[PDB]
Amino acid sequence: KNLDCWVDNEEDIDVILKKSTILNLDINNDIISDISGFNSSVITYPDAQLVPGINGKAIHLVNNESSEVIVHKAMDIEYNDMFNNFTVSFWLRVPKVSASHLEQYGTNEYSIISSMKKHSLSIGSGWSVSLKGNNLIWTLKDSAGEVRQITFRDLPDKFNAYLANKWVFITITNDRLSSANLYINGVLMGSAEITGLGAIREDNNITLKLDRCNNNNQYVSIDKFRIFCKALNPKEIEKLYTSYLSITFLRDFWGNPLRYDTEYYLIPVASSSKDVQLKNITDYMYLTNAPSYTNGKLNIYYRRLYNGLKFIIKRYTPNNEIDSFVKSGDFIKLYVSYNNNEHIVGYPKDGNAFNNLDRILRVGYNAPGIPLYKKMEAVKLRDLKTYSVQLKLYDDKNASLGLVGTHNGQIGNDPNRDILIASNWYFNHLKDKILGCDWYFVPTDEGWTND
């Protein structure tokens, strides 16, 4: 803590994050402003775009020189990082680079955030955040012209990868008396020795914009951009990361808010390589293997997306109000979209159920006279870091029919399958690290396109 900023009380992480923050980009009524107490100024150019963020709206940048945000560092923070420790933390969302783009822009490195005066592949001093292929780069440069750099390679499985259009949380801490550490989602991804460079003298503006990017199509989103005047520690990091994740909103596979009337494919967290298939209208659902995509020469692979059943969420009692956002604790009707029709998902009174308890879900059941329970509550009962949802079924008396999940079993002469069910069993295993009632809601997205 020798080169850290504040000098008061080294115990309360919550209070430490606040007191040590020196720049803080928040967005309110469509304006980006600094919300640390320093009131640095931010100038939002004309083509800076706002999109859903992990908690309110975020900044979306596209590839024209008029899509940018500038921060004019205030008087009393202007120089902080010339010698002291600083930490930069932000949420990022980069689209899965298409294999074509990996071929033709894979050696093109460009910035998205930078404190460092630029000129025709010649650089000032300061730092930048840059992308080159599927690499995320941190980069410190000092008055003498000396550089320190971290290069984090994204894993080759894009379903899991940090640079494949999911929101991820970046934090970079630089302790001038030791290292620069690169974290993603609270984990240490990369690091380098920064002992030895002196005097980081940079631009008086922090700049948000794509810089020297060859692909006319790139975009990226940045939220909650923040500068602390210290190398935060991982226990500080963990707390900073989870603080952004308030349960009150459910999220889609990408980290964006869960909405009604929109098509999502279901993929189970515990079985991420499966899609949902349906036996027949009126019948059960089961897990089947999704088709996968590999490419050797590019070192990349993913299970493909956009097949299996699409579902749609609707409010139980719906009509007049304005929130298209599914709140955890909301009661919904779940439907399957198959040829323009909406077939509600439910469990009919007395439908088979393994063992009398794991109730086999049914798509489109219509047996006259037979009650069909379809009131669901979508909830976030665990695993906050994972953008996943749980779904609870009720019968028509407000008794619980269980969380939605699967159960291996056999039905008639179809083969062994993992059939979708509703069961109260899950409710005793809620601390498990992996659970079978955990769902990803996946909407089509510009950022992910199967090649």
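Positions refer to the first chain, counted from 1. Superpose the two forms; the largest set of C-alphas matching within 1.5 Å is the rigid core. First, how it differs from the form deposited in another entry.
Shift analysis on the rigid core between these two forms singles out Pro318 from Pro318, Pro234, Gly329, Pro371 (C-alpha displacement of 2 Å or more). With the core held fixed, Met82 shows a CA shift below 2 Å between these two forms. Core-superposed comparison between these two forms: the C-alpha position of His119 differs by no less than 2 Å.
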The other form holds:
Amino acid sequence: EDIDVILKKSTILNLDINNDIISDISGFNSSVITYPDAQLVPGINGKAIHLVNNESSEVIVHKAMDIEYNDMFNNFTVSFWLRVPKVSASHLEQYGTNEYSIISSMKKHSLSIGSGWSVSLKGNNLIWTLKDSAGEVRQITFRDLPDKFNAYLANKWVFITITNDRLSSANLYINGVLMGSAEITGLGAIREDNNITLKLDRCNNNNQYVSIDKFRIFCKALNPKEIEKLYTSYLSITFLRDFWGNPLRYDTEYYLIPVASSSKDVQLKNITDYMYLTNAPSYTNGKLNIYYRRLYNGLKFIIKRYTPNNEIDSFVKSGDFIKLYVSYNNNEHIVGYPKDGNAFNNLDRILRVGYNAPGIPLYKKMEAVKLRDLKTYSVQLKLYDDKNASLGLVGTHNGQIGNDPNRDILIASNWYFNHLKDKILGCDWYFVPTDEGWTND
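What would the structure be for the form deposited in another entry, given that what you showed me was the form deposited in one PDB entry?
One chain, no partners, no other molecules: that is all that follows.
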């Protein structure tokens, strides 16, 4: 009756990466073969598998004897974290009708049309397919969201769960939410290969890649409550994450975007002065049904270690004390609040960049934290004075400075601390690094 017990108990395969070696830690001890070009990259909670488009980039799981036939007629669930780069507008046109498998239990080099299951991608569709020994087929075709900023197959880590109840349906869940279904009654025996293969199969795009992590198979159809628990069990709050879902790091350029106003980029009035929000330009393609606010405009920021401490980790952990800089023209300019500097009457302190008035204390110590909204890859930043008193969470305040136009100006405010359960909050920030999985069209 413990969901954790149930999850544990029904697990019959669990790909784990430890000491740079991939193995099955289910207890079934299935043998895992890693070919030379399967790579390891940063994942959701440790390293993940990365597959490029060549023959030597694959990971094969040879089923242990005990679990060789558990999906001929039994219910099963497959789960894994998945990361797919955003498909360019030219690649949707050129390769959009090309379906390629990434994970499959179906033979193909001996038995003319492999019965079994597979996970595939086709343009912006994620496809689950079941095929019985009579060649009968059931498919779930999930069509991704047109807005690529909020979509599931657009360079962010997302959690996939597909449950198969032989008496009723197969259901596809993304980040714990039901997004696709298919009635699978009438499917007969599902008699797969003795191998589960992770590899790009039949992909015409030579530069395509995918990343997969925590590949897991359960011998039952999970219910929604078990899936929810499964999904959140991976979200460890110890390390902060960037916009793509990877570990946030020190000494790396990030473009900041407010979670509550995702249409807005950050801009600098002048060095020594304040920051404010501007509208990001957008990309629209009606014929391909794709659109998104363009990334990588606005300020670039860098996170630096407040003190060295204990051991140098490249990743930023929740609770870390840091210093934030704006990076432009090969120069770094610290972000802070000058003692007695301009602030709104309610005490929203206006943040300043490269402030350097002689004699004036400049408050720049921050704590990088995760205070809320667990499944979202966002961060909060808490500013302190020199006595280590809270100056508040970094957020924005609407108003005007001098004769400037009215703007959402970056501030630090303690007000946010009494609203941490709200749905949407002005102190949540996305940290976006330039990445090869996302190029604006």
